[PDB]
Amino acid sequence: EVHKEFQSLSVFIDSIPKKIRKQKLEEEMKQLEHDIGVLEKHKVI
Amino acid sequence: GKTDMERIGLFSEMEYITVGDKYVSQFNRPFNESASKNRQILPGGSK
Amino acid sequence: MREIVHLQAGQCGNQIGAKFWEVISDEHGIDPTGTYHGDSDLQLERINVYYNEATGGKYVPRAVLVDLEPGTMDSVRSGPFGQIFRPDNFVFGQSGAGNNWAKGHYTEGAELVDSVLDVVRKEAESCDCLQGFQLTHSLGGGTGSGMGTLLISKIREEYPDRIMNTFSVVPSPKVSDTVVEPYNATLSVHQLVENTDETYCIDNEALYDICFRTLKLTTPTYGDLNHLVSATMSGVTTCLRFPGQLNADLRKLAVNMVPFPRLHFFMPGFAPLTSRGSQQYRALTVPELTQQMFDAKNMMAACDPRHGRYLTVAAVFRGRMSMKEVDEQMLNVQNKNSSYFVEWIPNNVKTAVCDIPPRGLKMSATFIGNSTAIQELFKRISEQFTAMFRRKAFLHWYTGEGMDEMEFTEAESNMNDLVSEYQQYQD
Amino acid sequence: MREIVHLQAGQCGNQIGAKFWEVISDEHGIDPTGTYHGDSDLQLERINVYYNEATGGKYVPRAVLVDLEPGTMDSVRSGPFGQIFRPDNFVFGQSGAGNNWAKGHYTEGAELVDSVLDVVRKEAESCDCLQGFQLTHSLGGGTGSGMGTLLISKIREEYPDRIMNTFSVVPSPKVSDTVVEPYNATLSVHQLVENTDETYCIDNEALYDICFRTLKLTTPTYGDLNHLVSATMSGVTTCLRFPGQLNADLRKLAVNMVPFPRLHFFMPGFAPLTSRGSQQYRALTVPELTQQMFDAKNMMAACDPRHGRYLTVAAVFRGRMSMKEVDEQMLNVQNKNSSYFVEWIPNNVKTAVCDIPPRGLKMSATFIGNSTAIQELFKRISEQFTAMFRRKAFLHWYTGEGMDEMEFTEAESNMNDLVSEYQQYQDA
Amino acid sequence: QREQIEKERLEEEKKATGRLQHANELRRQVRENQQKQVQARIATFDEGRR
Amino acid sequence: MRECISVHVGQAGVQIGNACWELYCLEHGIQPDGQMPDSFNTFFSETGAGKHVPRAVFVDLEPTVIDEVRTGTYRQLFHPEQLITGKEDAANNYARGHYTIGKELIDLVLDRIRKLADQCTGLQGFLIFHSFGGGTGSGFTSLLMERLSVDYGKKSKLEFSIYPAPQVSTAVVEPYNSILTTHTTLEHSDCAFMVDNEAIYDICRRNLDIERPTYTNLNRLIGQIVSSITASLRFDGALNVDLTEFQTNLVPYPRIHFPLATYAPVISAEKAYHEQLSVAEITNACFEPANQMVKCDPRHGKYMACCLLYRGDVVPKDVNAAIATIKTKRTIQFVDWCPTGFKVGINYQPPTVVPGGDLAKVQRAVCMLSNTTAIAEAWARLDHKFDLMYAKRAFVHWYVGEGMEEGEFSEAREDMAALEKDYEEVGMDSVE
Amino acid sequence: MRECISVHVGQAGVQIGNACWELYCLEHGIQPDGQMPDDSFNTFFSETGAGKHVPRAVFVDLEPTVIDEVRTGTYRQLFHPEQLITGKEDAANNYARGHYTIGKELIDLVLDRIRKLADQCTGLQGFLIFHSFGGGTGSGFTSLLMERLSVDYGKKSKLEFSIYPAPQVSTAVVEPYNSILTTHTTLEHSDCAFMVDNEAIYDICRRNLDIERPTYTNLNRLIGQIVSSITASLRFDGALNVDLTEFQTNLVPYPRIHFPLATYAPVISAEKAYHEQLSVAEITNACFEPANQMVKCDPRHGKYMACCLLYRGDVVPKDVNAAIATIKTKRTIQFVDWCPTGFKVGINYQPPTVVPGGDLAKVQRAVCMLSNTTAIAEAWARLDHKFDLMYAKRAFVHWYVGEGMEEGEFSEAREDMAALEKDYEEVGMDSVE
Ligand SMILES: Nc1nc2c(ncn2[C@@H]2O[C@H](COP(=O)(O)OP(=O)(O)OP(=O)(O)O)[C@@H](O)[C@H]2O)c(=O)[nH]1
Ligand SMILES: Nc1nc2c(ncn2[C@@H]2O[C@H](COP(=O)(O)OP(=O)(O)OP(=O)(O)O)[C@@H](O)[C@H]2O)c(=O)[nH]1
Ligand SMILES: Nc1nc2c(ncn2[C@@H]2O[C@H](COP(=O)(O)OP(=O)(O)O)[C@@H](O)[C@H]2O)c(=O)[nH]1
Ligand SMILES: Nc1nc2c(ncn2[C@@H]2O[C@H](COP(=O)(O)OP(=O)(O)O)[C@@H](O)[C@H]2O)c(=O)[nH]1
Ligand SMILES: [Mg+2]
Ligand SMILES: [Mg+2]
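Protein chains in written order, with the entry's author numbering: chain 3T, 209 to 253; chain 3C, 6 to 52; chain VF, 1 to 427; chain UF, 1 to 428; chain 2K, 451 to 500; chain UE, 1 to 37, 47 to 441; chain VE, 1 to 37, 46 to 441.
Worth flagging that the hints you see were computed from the coordinates, not collected in a lab. Heads up, a few of these hints could be off.
Pairs of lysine-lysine, DSS-like flavour, derived with a Cα cap of 27 Å [unchecked claim]:
1) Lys27 (chain 3C) x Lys336 (chain VE)
2) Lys392 (chain UF) x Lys430 (chain UE)
3) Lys379 (chain UF) x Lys326 (chain UE)
4) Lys27 (chain 3C) x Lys164 (chain UE)
5) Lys112 (chain UE) x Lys27 (chain 3C)
6) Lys174 (chain VF) x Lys42 (chain 3C)
7) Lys336 (chain VF) x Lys42 (chain 3C)
8) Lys370 (chain VE) x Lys464 (chain 2K)
9) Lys58 (chain VF) x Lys230 (chain 3T)
10) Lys174 (chain UF) x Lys326 (chain UE)
11) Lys338 (chain VE) x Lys174 (chain VF)
12) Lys336 (chain UE) x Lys379 (chain UF)
13) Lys163 (chain UE) x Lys336 (chain VE)
14) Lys465 (chain 2K) x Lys216 (chain VF)
15) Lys350 (chain VF) x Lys52 (chain 3C)
16) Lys338 (chain VE) x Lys112 (chain UE)
17) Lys338 (chain VE) x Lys124 (chain UE)
18) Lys52 (chain 3C) x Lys58 (chain UF)
19) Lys362 (chain VF) x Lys52 (chain 3C)
The following label-pair restraints were derived from C-beta to C-beta distances [said to hold, decoys possible]:
20) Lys465 (chain 2K) x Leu26 (chain UE): 29 to 37 Å
21) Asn337 (chain UF) x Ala333 (chain UE): 28 to 36 Å
22) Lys464 (chain 2K) x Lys230 (chain 3T): 28 to 36 Å
23) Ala333 (chain VE) x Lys465 (chain 2K): 22 to 30 Å
24) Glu429 (chain UE) x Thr409 (chain UF): 30 to 38 Å
25) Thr223 (chain VE) x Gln484 (chain 2K): 19 to 27 Å
26) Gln484 (chain 2K) x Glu429 (chain UE): 52 to 60 Å
27) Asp243 (chain 3T) x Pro80 (chain VF): 26 to 34 Å
28) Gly468 (chain 2K) x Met323 (chain VF): 47 to 55 Å
29) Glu420 (chain VE) x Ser115 (chain VF): 43 to 51 Å
For each residue, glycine too, the CB sits at the ideal point set by N, CA and C.
Okay, chain 3T solo, but in the shape it has when bound:
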């Protein structure tokens, strides 16, 4: 659902908050991809 929002942005990126909002949708998913990996490669917890 954070990927659904990211693909819903405009094709052009030309304003300061649209840079910023793409970046807050950048790091929100990047910290999830780092997290989906640590809980996948380690079966035991």
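Following the hints, complete the assembly by docking chains 3C, VF, UF, 2K, UE and VE with the ligands onto the known chain 3T.
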């Protein structure tokens, strides 16, 4: 000859579209005139 | 194996083809995201035709989207089936081709055609064999009439054996949403006649007729007007996506339906159309489809086919039907009403029969007829041009991007050469 | 099978036509929903005469209803059996016809003419063999005589081999509801001569008289009189929808009853016409039926049948019975009053027995007669027209939209040609 | 059929309550135009008093 | 969809409609503001949520009766644009309602007429309500009519008008401009019912016992006629008779278009409880030469086309044996070139009642409408009064003053005589 | 992505802009301090990370008494402090001062700021230059601004929301002089020149809106709803989206002829809003009606050459085309022979917003008729008569020649109108076989 301020009160009586045309009714039109003429293409029914 | 690259261009086309990518999406099962969550196996058998394939069991629509204004990208992306497309096919532009054929074909449009063809090369090359192209646009607009005809011309040189289909939105007699509309249409048809294999003509007024007289909808938007065009967009290409008792693909409906080479301005129609309350009171048997579809009220062009002669007709039927009833009515329509068909061709029918019906409906068919009534459609755009060209109309735009009055003389004359040959074989 | 397209036209025609699809549904077992739930079988193998197939086991009526006003149709739809007809064969215009006959024939009815024609041909070609058409209307009305004659001028020029039965309420002497009514009548016979083949003239007079006097029905409405017309609409066609031991259809009833081409004007009639109190005080054996069907009271026309003679009689009988009886006590009528009969044909009576009786009733017999004593239905309008046209009466509407003046003279010259044509063999 | 009748029925009510909300927000505009005119009439009469 | 654009002109017309529009508001569920707590149709339009819009073009050259609607109880029903007031009256002057002051408002009211017509679909026509004699009634009506026909084409125009009363007149010029407005409401007027002033006082004296009521008690009697005559364009029932139905069934030769009116159950509360109003008596009360609305003896003339608009529990046989009985009595002479002479129309809705009014409730009613010759004597009692002025040059300098050529009065006189002799050369019986 | 810089020249322009900019901050959420309490504000506002929606405009007058209310009023925190560039002495109804004498010192500074407002935009859609047509800086400085923008910008949309002098109402005695001189030099560099006078607004907000005694504050609110409909397809989305360049091939005939008119349809007041239903049929009749025309030049006395419909709100697009066809059946609305077409539709979805304390009512529908009528030639010929009636004895010239302007330009300005008169007379004719 009363002035426009004394006439209807407006600065000018710019006369109206709706004074000189016949009422043809805006009842919903069947667009093209070819929607209703002679025999249309009628294939056979089942027997 | 046969695959169809769907180049969709122009605000209109970018919308009248987006619904296509929602109807074909459902016809093959592909859901909003892009995964296949359907039912039958056949749904996921000829997906290769319109859909590609991406890792993760996701079929991306093989469709290049082109609009010189980057605003209708946001409209088609924010639609229901809008995230399904891939971003690099969204080849947009910077400036606006505001309702002017010249700034789609000669100026600012010309600096995107290079960037469209490279994307067109990408989808075409990564493919075993191309059936052809398909352009969904509107004649009477800036980027549709302007770039679209140029984009037809470039791919016709590069790949000169592919079936060049086009679902063109031809201008309307009654109302005009554009006032340079006779200019853009007349100029464009010049390029279509020597660079296309099948031109399907769908104009808005005919869609207005079907959606109220036969469908009985009091509020028809520009969304349900695109649903009917998508249905006949799907119907022409169904015997190469789904099986049948007698198949007809796109080239089969090109060889069998163009008598003389220029006779490709066609006119479609969808057969099982019922209103909201008359759907239970009406039967579903084959005779009902055939009389409704050859009828003039269910015609997606304004040109009434009863002031003309059917040169060629197909009815690409779709359903679990009997071929003899889909043979006897085509004989009956050519014997009882045997004055409105030509005589130098004995039979004027391709009776294509697919097996898989569309969603919900148990039968359907799509009319495609090369009637001689098409000349009335093009004739009207001719006096609407020469009334403007005589007292030389809005041209201080059109010449200013760098063209000449010679092009306007030939565009009208080639279009007048066109309407005379539809009457040379009408009498 | 043998198919009949109905052509409901006019204010009366939409009503008495609706009453037909309330009686013929009750006989064939069709329900207001449209799903058959009857008890017997014989009301199912001949559905394909008045009732077309729809998916779901559903039997949608074959009936194009036409009217130049919304009017009747909103009432037909919002009625007891009004959820049966197709929504697109409810075809209507908006603006009023206003009883101007030429308005419904040379103007606004000339815009609705193709739309009703489109539905007819759509419903006509989609059959095995049509037996005939069936238009019910008024000669003195608005959207009837005006529009109906246009419908019976355009479906015969394109199907000139098919039966044209028409149940048409004729103008009356006394029971009058409109002022320009005999204008409309004398202008509509001119089209009901050269086109229609089976014109059952019917009054309004005796329809009251059957109700208030014979039925003891205290307040004759506009509704219960239509139940009588629907009875003489059914029985004519009951040998081609229900079984029998001697069946006769519409063409059977044509050939054996119209001697000269212009004798297509007929005279209708019921037979077990009774009251609410006399039915226990009586017995519906067929010796009775002949008395109550060759008489003058049970006749559904105003014109008296003793002023003339029946050129030819037919009796489409209905119910379980012998036919020594209805062949010889029918022959006794031929012998007893030989004054009121003719001699240039020896027998002038055609019998036609069905098997299944009407719903409720026992041994009914729809009585149709071709008489020269229909002439006072055809001269009394003519004298009324001449009394008006003498000083050029209410005609400033009729001549306003196109009808000329010799057209009115032709409509009375072709009237009084037909007046003399029935009296040419009267004296005999 | 019935599934989109309700969808057609629920689309009629949202324009019906859309027009009812139209009438009520339009109802707020003549009673702010009434109170503006009423306070002006009080303002003229209190100007006479002062 | 069916509709009728009423327009009410003059002090007479405005308040005649005011009781009529009050009556039209109580059959349909319409509240005085116009919001119910699909037959609200011809004389109401519906906008959005609940607002019910009438189809009137209320007009007067003088502000007085119109601003009573502005301040009266029907203030939030009529529009601020539907009520078109003026500046100054015409003041009983045909010249000052048709050439000077009437010209000054005619362009604005045709707009409101046309803008009111463009929300409509299928109009049968208009309902001009006025009075012959009262300035604006004589002047503005003539000015409205001439521009109405040439613009709107062939549409049914009804002209419920006040004829100048035979004995007394609340005007000195009423036999001086009624001749003048008959010069214009003769060639564009398709059917022009009259109620002259005196007999309606006589109607509300004998039948209704009420002695000495005011202005409003006779306008409610007129409104009942307006409802019943425009009843089958509305509330459903049996055999239905519209506006177009009328002119083919009431008016002879193109200039006979001046029919009369007669209501039937004009009955008080005490009358209703001890006299049964069945169809048989009701249909005969119309043909009484004392219950008919224009004060002129209908026996002196012949009836030429009678149209009986019934209403209520009016089961068909009861009118239908009845109409024969009127053709049996011999004092009602029917012309022999019209043998039928009888139209019937049956509505189902009961006659409504104003909450406060005389007009006791009854289930059946008749709106008798006939072209009798006996309206010519009212025109014979009017035209000779006009000759008695014009012979010695009465109030002429204030008709020529606002603009009027002198021969206009002779022109109105000769067309008046043309009308007078017309109804007798059509009222001579068929002689071989 | 689609930006429109709006330079407002003169007292009339900035006071109009005070009504346009209050409306734009009400449509988009934009609190009057320029802070939202998505991408639809990028036509009239800029953006910084903190949340400052700085408006893309540059206000100029040579008189510091009508923009100093913007630097002191409640809408001060929105506008960039340097975009409001005032002068020190006005042109004072003298074209010669605003164009040649007192405007020359402030033309570089304004043009330098218009540089710094177009670098910031990705693609400039076009210009929206609001000024007056009878003032000194509204005529003179506007004229200097037009000619010098078009030598560095080149080909760009330059639309013109002017205040044309009224036929018999005037607030100045020298308005006909400044009239001819500023449409002689802003006619070769102008793409659209939307004229709106003052008298027609007075009658429109008395006839429809029952408000006697209107002030300049409620005259400019109607102007705001014009430009909010013309620049509505850019910001907000809908079917048949119709832009500034998209107008300027569908409304402008022969390149001399570039003077359209403006009419708003649903100008009905609050009390009459109940006593009306408003569908598309009667609002599209309101524009073609001459009473809701916002110029006192009579459209019935001319022929419509190009006619551009801007629908806005809940307009179901079929009912558009039914309403259009009725107007083509009317004989009173007369169209020319060289447009068998002549309608340009545009359908925006969001309804018309209402300014609080505004005289207009809240409506679901709108029309902004941009019609290119032949009857604006009546408007020019009226004050062309006024020019030739004072210059015949050379009335108000010593103020003009004494401010660095030759008197030859006057005769050049007159003869340039006589061409423009001739063009609007030449176009309208029917081509005879
Ligand atoms: N029958 C009838 N006539 C009325 C009634 N009220 C007024 N009149 C007639 O109307 C006339 C009065 O003038 P109006 O027609 O109302 O015209 P107005 O609005 O007063 O305009 P001016 O007379 O020009 O001042 C009188 O001659 C009356 O005979 C009424 O209630 N019933
Ligand atoms: N509609 C409207 N017109 C205005 C407004 N303010 C001024 N005007 C008009 O503008 C005209 C004069 O042009 P301006 O730009 O105001 O001239 P100025 O700035 O006051 O003084 P100059 O420096 O001489 O140009 C006057 O005739 C006014 O009618 C306003 O707020 N609304
Ligand atoms: N059928 C259909 N027609 C459309 C649609 N959108 C626009 N049109 C038509 O296309 C014409 C305008 O063309 P346009 O899209 O503006 O061309 P472009 O600007 O070059 O993309 C109008 O006449 C519309 O009627 C749509 O979604 N469906
Ligand atoms: N039996 C019967 N006759 C009717 C009914 N309604 C009308 N009529 C007859 O229809 C005739 C008048 O026809 P009219 O209403 O003018 O028909 P139109 O002109 O076609 O609209 C009269 O003779 C009436 O007897 C009805 O419900 N039942
Ligand atoms: Mg008065
Ligand atoms: Mg200043």
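Which numbered hints turn out to be false for this structure?
none
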